[PDB]
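Let's start with one chain on its own, the form solved without the named molecule, as structure tokens.
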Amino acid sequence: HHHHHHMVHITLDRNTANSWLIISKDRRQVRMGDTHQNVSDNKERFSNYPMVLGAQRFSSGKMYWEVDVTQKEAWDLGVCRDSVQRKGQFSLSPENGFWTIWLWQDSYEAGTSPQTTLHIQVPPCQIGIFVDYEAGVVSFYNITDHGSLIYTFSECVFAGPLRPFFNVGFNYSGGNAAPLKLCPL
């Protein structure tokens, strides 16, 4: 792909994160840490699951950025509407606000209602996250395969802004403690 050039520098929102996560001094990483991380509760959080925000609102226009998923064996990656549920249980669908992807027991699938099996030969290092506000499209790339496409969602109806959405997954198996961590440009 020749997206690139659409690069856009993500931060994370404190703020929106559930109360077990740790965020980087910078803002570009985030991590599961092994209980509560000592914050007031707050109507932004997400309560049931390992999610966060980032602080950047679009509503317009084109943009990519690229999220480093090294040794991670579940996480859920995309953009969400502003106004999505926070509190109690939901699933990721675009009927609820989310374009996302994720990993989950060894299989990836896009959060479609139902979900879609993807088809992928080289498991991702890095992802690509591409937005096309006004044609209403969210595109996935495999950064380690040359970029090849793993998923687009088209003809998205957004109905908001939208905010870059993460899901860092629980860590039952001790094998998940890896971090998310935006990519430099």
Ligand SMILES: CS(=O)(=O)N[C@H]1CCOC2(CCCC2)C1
The other form holds:
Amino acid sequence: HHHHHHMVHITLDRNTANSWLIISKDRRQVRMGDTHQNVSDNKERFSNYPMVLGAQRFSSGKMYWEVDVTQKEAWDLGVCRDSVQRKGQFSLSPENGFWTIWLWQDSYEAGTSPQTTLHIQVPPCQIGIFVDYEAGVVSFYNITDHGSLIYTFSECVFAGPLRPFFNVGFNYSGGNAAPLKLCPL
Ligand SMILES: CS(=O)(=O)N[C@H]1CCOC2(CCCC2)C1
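Now the other one: the form solved in complex with the named molecule, given that the block above is the form solved without the named molecule.
Every component of the complex follows; first up is the chain already shown.
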């Protein structure tokens, strides 16, 4: 891929964060805290899962960013509609306004309904995410493996502004405390 030149500087939106998340001062890193982080509730916060949105909204053009997932056991990454459900239980699917991949229990899967098995030979430490709004494309790249393609959602029906989407995952195991980090341009 030669998508690097559409690089955008993403920052995390604290107001959307689940109340257990800790976002760094520079708004470029997020991790699971071991308790509630002492913020008020609001209608934007994801209540059931350790999720947060980027501050940026995209309604046109080509955008690219990279996320560090080093030593995590579980996470979700991609984009979503600005209008996605925040409260209660839901599945990550294009029908619900999400275009995502994840790691869970030693397998990588794309968030289709039902989910799609991914074929990754080199476990990634950094993921590249490419959005072409007009084309209806979301693609994922393995930066650890020389940028190899992981997955392409095509024929996407965005149906609204898009936001960068993050899930740091649960830490029931004690092996998933590490942060998601937005990597420098
Ligand atoms: C991931 S964890 O460290 O096992 N603790 C979680 C237990 C379930 O509730 C939460 C999930 C998000 C809201 C609060 C914390």
